[PDB]
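Got chain B sorted already, so can you dock chains B', D, C and C' with the ligands onto it with the hints?
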Amino acid sequence: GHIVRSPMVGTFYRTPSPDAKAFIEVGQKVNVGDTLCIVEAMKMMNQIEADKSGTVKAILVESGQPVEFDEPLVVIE
Amino acid sequence: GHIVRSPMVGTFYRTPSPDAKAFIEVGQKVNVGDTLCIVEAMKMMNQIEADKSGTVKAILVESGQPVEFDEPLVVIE
Amino acid sequence: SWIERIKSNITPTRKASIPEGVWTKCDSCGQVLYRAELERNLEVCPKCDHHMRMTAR
Amino acid sequence: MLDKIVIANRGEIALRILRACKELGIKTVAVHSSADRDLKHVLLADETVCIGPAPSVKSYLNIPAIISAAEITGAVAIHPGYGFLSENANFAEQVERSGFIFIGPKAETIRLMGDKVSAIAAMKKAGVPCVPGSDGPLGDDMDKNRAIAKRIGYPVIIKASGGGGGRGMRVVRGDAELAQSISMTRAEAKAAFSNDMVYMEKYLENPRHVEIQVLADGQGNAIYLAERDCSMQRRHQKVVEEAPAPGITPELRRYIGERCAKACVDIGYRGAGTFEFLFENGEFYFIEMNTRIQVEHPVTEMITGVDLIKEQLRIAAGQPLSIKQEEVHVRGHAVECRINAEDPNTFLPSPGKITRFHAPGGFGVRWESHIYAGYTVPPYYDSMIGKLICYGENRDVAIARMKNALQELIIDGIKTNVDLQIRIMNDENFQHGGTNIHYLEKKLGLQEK
Amino acid sequence: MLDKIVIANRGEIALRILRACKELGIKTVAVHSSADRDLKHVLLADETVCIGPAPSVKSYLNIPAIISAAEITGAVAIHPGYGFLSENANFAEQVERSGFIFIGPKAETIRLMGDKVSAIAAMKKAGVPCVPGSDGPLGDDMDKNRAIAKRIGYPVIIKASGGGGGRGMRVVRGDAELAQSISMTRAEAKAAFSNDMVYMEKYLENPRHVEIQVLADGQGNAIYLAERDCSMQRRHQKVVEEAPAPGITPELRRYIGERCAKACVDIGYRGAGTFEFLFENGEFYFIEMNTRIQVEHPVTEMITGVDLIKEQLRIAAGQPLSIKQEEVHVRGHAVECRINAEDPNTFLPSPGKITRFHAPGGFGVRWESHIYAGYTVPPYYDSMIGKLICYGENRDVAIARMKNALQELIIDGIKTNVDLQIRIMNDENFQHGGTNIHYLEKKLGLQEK
Ligand SMILES: Nc1ncnc2c1ncn2[C@@H]1O[C@H](COP(=O)(O)OP(=O)(O)O)[C@@H](O)[C@H]1O
Ligand SMILES: Nc1ncnc2c1ncn2[C@@H]1O[C@H](COP(=O)(O)OP(=O)(O)O)[C@@H](O)[C@H]1O
Ligand SMILES: *C(=O)CCCC[C@@H]1SC[C@@H]2NC(=O)N[C@@H]21
Ligand SMILES: *C(=O)CCCC[C@@H]1SC[C@@H]2NC(=O)N[C@@H]21
Ligand SMILES: [Mg+2]
Ligand SMILES: [Mg+2]
Ligand SMILES: [Zn+2]
Numbered sequence: 080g081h082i083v084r085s086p087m088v089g090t091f092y093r094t095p096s097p098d099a100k101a102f103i104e105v106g107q108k109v110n111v112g113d114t115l116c117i118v119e120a121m122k123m124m125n126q127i128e129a130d131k132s133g134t135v136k137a138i139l140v141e142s143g144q145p146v147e148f149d150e151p152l153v154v155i156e
Numbered sequence: 080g081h082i083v084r085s086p087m088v089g090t091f092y093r094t095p096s097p098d099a100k101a102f103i104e105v106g107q108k109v110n111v112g113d114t115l116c117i118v119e120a121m122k123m124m125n126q127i128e129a130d131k132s133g134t135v136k137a138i139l140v141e142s143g144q145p146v147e148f149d150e151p152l153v154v155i156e
Numbered sequence: 002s003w004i005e006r007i008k009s010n011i012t013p014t015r016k017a018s019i020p021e022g023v024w025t026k027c028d029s030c031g032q033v034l035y036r037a038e039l040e041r042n043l044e045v046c047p048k049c050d051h052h053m054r055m056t057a058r
Numbered sequence: 001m002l003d004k005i006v007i008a009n010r011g012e013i014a015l016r017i018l019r020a021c022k023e024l025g026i027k028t029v030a031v032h033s034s035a036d037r038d039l040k041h042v043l044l045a046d047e048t049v050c051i052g053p054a055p056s057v058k059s060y061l062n063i064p065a066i067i068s069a070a071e072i073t074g075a076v077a078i079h080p081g082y083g084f085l086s087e088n089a090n091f092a093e094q095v096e097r098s099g100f101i102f103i104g105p106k107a108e109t110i111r112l113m114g115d116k117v118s119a120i121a122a123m124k125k126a127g128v129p130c131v132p133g134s135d136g137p138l139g140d141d142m143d144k145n146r147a148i149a150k151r152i153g154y155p156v157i158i159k160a161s162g163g164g165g166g167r168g169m170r171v172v173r174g175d176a177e178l179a180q181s182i183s184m185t186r187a188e189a190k191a192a193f194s195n196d197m198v199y200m201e202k203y204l205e206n207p208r209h210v211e212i213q214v215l216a217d218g219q220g221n222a223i224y225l226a227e228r229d230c231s232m233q234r235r236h237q238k239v240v241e242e243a244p245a246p247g248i249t250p251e252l253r254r255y256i257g258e259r260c261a262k263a264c265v266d267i268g269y270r271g272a273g274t275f276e277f278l279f280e281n282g283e284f285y286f287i288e289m290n291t292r293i294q295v296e297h298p299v300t301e302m303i304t305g306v307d308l309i310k311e312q313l314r315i316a317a318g319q320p321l322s323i324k325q326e327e328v329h330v331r332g333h334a335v336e337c338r339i340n341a342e343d344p345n346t347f348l349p350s351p352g353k354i355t356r357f358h359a360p361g362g363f364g365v366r367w368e369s370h371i372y373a374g375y376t377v378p379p380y381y382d383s384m385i386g387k388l389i390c391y392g393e394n395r396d397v398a399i400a401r402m403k404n405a406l407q408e409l410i411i412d413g414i415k416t417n418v419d420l421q422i423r424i425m426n427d428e429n430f431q432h433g434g435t436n437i438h439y440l441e442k443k444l445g446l447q448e449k
Numbered sequence: 001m002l003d004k005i006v007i008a009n010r011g012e013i014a015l016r017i018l019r020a021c022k023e024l025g026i027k028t029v030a031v032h033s034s035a036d037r038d039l040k041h042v043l044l045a046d047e048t049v050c051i052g053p054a055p056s057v058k059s060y061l062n063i064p065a066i067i068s069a070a071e072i073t074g075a076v077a078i079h080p081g082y083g084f085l086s087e088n089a090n091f092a093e094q095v096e097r098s099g100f101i102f103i104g105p106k107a108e109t110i111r112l113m114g115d116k117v118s119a120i121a122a123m124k125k126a127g128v129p130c131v132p133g134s135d136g137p138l139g140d141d142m143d144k145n146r147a148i149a150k151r152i153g154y155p156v157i158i159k160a161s162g163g164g165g166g167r168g169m170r171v172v173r174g175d176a177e178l179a180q181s182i183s184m185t186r187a188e189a190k191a192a193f194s195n196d197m198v199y200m201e202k203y204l205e206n207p208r209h210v211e212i213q214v215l216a217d218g219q220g221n222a223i224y225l226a227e228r229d230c231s232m233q234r235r236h237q238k239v240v241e242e243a244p245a246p247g248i249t250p251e252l253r254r255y256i257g258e259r260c261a262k263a264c265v266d267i268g269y270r271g272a273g274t275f276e277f278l279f280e281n282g283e284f285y286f287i288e289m290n291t292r293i294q295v296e297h298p299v300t301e302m303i304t305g306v307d308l309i310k311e312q313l314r315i316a317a318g319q320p321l322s323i324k325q326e327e328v329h330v331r332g333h334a335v336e337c338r339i340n341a342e343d344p345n346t347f348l349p350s351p352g353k354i355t356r357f358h359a360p361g362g363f364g365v366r367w368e369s370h371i372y373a374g375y376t377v378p379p380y381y382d383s384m385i386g387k388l389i390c391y392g393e394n395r396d397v398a399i400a401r402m403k404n405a406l407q408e409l410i411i412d413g414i415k416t417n418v419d420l421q422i423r424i425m426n427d428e429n430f431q432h433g434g435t436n437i438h439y440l441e442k443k444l445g446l447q448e449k
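Residue numbers (PDB author numbering), protein chains in the order written: chain B, 80 to 156; chain B', 80 to 156; chain D, 2 to 58; chain C, 1 to 449; chain C', 1 to 449. A prime marks a further copy of an entry chain.
Please note that a few of the clues may not be correct.
Dumping the calculated DSS-like pairs for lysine-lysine here, alpha-carbon to alpha-carbon at most 27 Å [claimed, not checked]: (1) D:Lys8 x C':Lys403; (2) C':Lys4 x C:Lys403; (3) C':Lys324 x C':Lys125; (4) B:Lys122 x D:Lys48; (5) C:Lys125 x D:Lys48; (6) C:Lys262 x D:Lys16; (7) C':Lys150 x C:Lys310; (8) C':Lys58 x B':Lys131; (9) C:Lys262 x C:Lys106; (10) C:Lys106 x D:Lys26; (11) D:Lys8 x C:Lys22; (12) B:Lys131 x C:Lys58; (13) C:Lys403 x C':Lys40; (14) C:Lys58 x D:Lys8; (15) C:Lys353 x C':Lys40; (16) C:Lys27 x D:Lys16; (17) B:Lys108 x B:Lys131; (18) C:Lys403 x D:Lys16; (19) C':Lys324 x C':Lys22; (20) C:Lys415 x C:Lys442; (21) C:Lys125 x C:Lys106; (22) B:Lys122 x C:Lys27; (23) C:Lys27 x D:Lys26; (24) C:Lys58 x B:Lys122; (25) C':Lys40 x C':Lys27; (26) B:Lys108 x B:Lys136.
Hints in this document: simulated from the structure, not taken from any laboratory.
Isolated chain B, as found in the complex:
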């Protein structure tokens, strides 16, 4: 299907705060407008919004694992 990819480089975080629920989790589908993860860069915890409404098939990364530009994050079928 479709894969949404980080458009910038930085640490990958899914919970907005150190002890917080993940914005999204496997199973529950998302919509076009919704935050999927946090890509911290210089302490400015940015956010990523999907573009195609569909099920969250899986998450290809893990919290704390740095990611690069265009790094695939999640695949939506």
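This is chains B', D, C and C' with the ligands only, laid out in the frame that chain B set:
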């Protein structure tokens, strides 16, 4: 057809002596036993004998033109 | 043959600390900015030239 | 020593820096663009990070993404190299403040010397001779502009102090178009480099490009290595560069080197940089400083025996200079010959795939590049694909090897500037050595009927 | 200068000599075999001659065909190189008399020094220390043979004075098989090299291969360049050779060099040749002379800056030595690493086609070979396909570069000894430097259950 090639390296001469008739010439066919040219090497003017009886289609070299090992000399059809 | 490699991943354990108040953002265009640069260009995002708030003083 | 660094660049200089790092046992991090995924230096590196899409501005100039990579991987410094973010003083400021070490000069000297006119002013203050000219950025006092033009002597050239890459310079033949020429030059500088500063400097008609390499740790130590000479140029872009330069007696060598060392001490210079010059009738007239590691750095390495990149990485680690001025020696002569993806005549880039490739090798021949078979040149950046060298014990030997190496060299699939290199090498005057910068421009010729 | 010469050899040394010739402006003639039609040096040469079929004896050792080529093309000298007809004194005699110039020593010294025992005798006469041993060819006086064996001390080794290529040598553990071992060694020497001469020389258990390079014009001038050390060997065949050798203080350097220079003067030596040695506890024991240009010649060129082949071609042109003993300097340290077409373990040649190839390049790295993509290695001669180098300002730097270069290097289609080179480079003791010749042989290990 077949091409007979010099088995050694040296100056190519067709007339055995400085002013002499060529052993062979185009047109006239040769036999298995006959000298076709002279390949001088260290003043020891050696001679080359064909192996397949046939017409002398052409001569691919010229007197005074050095030749190398396995250098094609004449093609017999 | 290095020409064909494995495309390995990065190790998460590595950790560097950047100061908190040295990098700011411009939501108008999304380009992260150097706080001192923005503050020196009278709070004007030099990327999209989008004016922002400034302190009265 | 620096526990790890990021190669904030791409290609020949990227691969070269990677070799230097691996030599010194400093792990490496390769920040690449999405099109440069299969570069050599990328594939030979420990850790590879993608920071943006193919274009330069989105990906390699994306200072935020580079600092992101540097923070995530745990580096404690970065090497910019030359080009991309080489002289961006603001990049230096951000890297300094973010928490990492900027391999090179401190941003302050980047700002002082990146403005050509301030650089020339400080040079005058430090005793370095300078070309006659405005002695300041050009204002709108046309009367004063023409007075200065008359004082220095026509013809004159307009150069944007913030310009780079041999662009944004125009020659003014007379006052008739002085105003319009200045306006359009300023407009081009604004469009390209975002800076409008323009200044007037005398025009010389018989120059011999010189540049003297200097290493200073920023702690009161500044040394000067061998000379250089990039005389051959096309569109002010170097092609061939011989190091040292013919006819530079050791007296002049040491004379100018001592002054340049004093200048580096005064500016408190840190890192490797080169004071360009211009030469004629036994005189020197400063014209710029490339406060980075130049492109023709090798031709000083092979005649001096000192690896410049290693010296930089040592300075950045805080180590002072480990080489005295006396212990530096120039033993012989060198020559360099860039390889570029342009058409041999039209000078139009011709990116593509390289079907077949074969290095020169042989004694004294140095091949710096990243290209290889199957490597599709990206039509997205500079057109350089190799800095080839041939070190000889004299100019004749070095040229000879160059000729032989160029004979051996095969690069197929994309047109390249090898024919021109051979033709220059065979040139009689060039083999004599000592042509003016124009030499190649004049050989170009003119219209024919 | 020699108006033209013939490269009576093939491959790495052939290509290297071709480069040297083209440098000195001496036209070149490539004498190739029918299988070596598309060699590099063949294709880069002015004039190519085929002298015989694939086998060595029919084609490259066909002294008549080589002289034929040399006469037809008008040469006035020939370079044999190393291997094929390097030390064939009779080849030297014929080339001398035929009317051409033999690039190298005069045949007389070829005969004197090609017999190992006469070489050692003359060395003793000239003051060069020698290994304890027979001091003469072995006769059939078994009583005297065993008396000498007892005098020098077991164990002992039988070496054919006319043997070559690290073959035809056997170690004798005791008198029990002394007669049979001697007989079979003589038989092997007769079968291979047609010469039966065998001699007894003491056996050393802790040697460190040394060899000192010397240049003599044959006119009373003989100089000694840097040292060498080929410690690493497999089956007495060198793989890695470092130049100079660790721990050879300049005192020993000059001490042995002066004696070797005097020896060259006494023998009236002409051309480039190397006095092998054996080292332990600060002593030297001559063991042979390779009266030719060795294979590890580069590792003296890059540390001395002198091109040996050019020196040879100058001597052959009658020019005396242009380099004094004092003006020769060793500046740094080098390392070399041969590449061979054998299986990395079985040591079985694996000739084939090279699909893909990529030179190292980079600073200080020298790649000598002829191989390239599409080049089908001929299964008909030696298994060497490249002499790679990495010059450093110290042993650590040079090893580091080697490691990096070997990383870069790709040769695909035929198995090769790169894995072994990497593993040796990573070896701790080797990085320390100073292993005994056996080091690699002992690492091989033995049987496991
Ligand atoms: N004052 C001058 N007179 C003559 N030629 C000049 C002058 N200034 C620059 N040039 C020519 O332009 C080249 C590049 O000048 P430089 O100031 O170094 O510009 P860039 O920053 O583009 O390299 C010089 O090597 C020289 O050939
Ligand atoms: N007397 C000796 N004692 C110990 N090892 C020896 C002796 N002679 C030769 N060798 C070993 O064999 C190698 C080659 O010997 P050398 O006489 O040069 O034969 P070749 O002519 O085959 O090269 C030496 O480098 C050394 O390692
Ligand atoms: C600053 O200390 C650098 C590390 C990033 C800290 C922040 S707190 C919010 C996020 N949660 C987490 O585990 N780390 C991130
Ligand atoms: C000896 O002088 C070398 C040249 C070869 C001479 C001989 S004489 C017989 C052959 N005829 C000829 O024209 N040259 C050859
Ligand atoms: Mg410049
Ligand atoms: Mg030997
Ligand atoms: Zn903005």
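Right, here's what the structure says about each hint:
1. D:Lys8 x C':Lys403: holds (21 Å)
2. C':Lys4 x C:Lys403: holds (19 Å)
3. C':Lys324 x C':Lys125: holds (26 Å)
4. B:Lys122 x D:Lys48: Given that 27 Å is the threshold and the Cα spacing comes to 20 Å, the pair holds.
5. C:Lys125 x D:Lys48: Since the Cα atoms of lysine 125 of chain C and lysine 48 of chain D sit roughly 37 Å apart, the hinted pair is violated (cutoff 27 Å).
6. C:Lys262 x D:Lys16: violated (41 Å)
7. C':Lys150 x C:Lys310: violated (58 Å)
8. C':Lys58 x B':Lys131: holds (24 Å)
9. C:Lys262 x C:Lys106: holds (18 Å)
10. C:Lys106 x D:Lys26: Distance ~26 Å between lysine 106 of chain C and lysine 26 of chain D Cα, so the pair holds.
11. D:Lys8 x C:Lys22: The hint holds at about 19 Å.
12. B:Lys131 x C:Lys58: Distance ~24 Å between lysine 131 of chain B and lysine 58 of chain C Cα, so the pair holds.
13. C:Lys403 x C':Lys40: With Cα atoms ~16 Å apart, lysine 403 of chain C and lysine 40 of chain C' stay inside 27 Å; holds.
14. C:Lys58 x D:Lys8: holds (23 Å)
15. C:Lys353 x C':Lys40: holds (24 Å)
16. C:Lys27 x D:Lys16: Measuring from Cα to Cα gives roughly 15 Å; hence the hint holds.
17. B:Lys108 x B:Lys131: Holds. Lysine 108 of chain B to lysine 131 of chain B sits at ~11 Å (cutoff 27 Å).
18. C:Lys403 x D:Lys16: violated (51 Å)
19. C':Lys324 x C':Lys22: Holds - the C-alpha atoms of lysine 22 of chain C' and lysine 324 of chain C' are around 25 Å apart, at most 27 Å.
20. C:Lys415 x C:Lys442: holds (24 Å)
21. C:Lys125 x C:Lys106: holds (20 Å)
22. B:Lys122 x C:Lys27: holds (26 Å)
23. C:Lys27 x D:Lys26: Not OK: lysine 27 of chain C and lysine 26 of chain D at ~32 Å, beyond 27 Å, violated.
24. C:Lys58 x B:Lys122: Within the cut-off at roughly 21 Å; holds.
25. C':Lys40 x C':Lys27: Within the cut-off at roughly 16 Å; holds.
26. B:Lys108 x B:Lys136: holds (8 Å)
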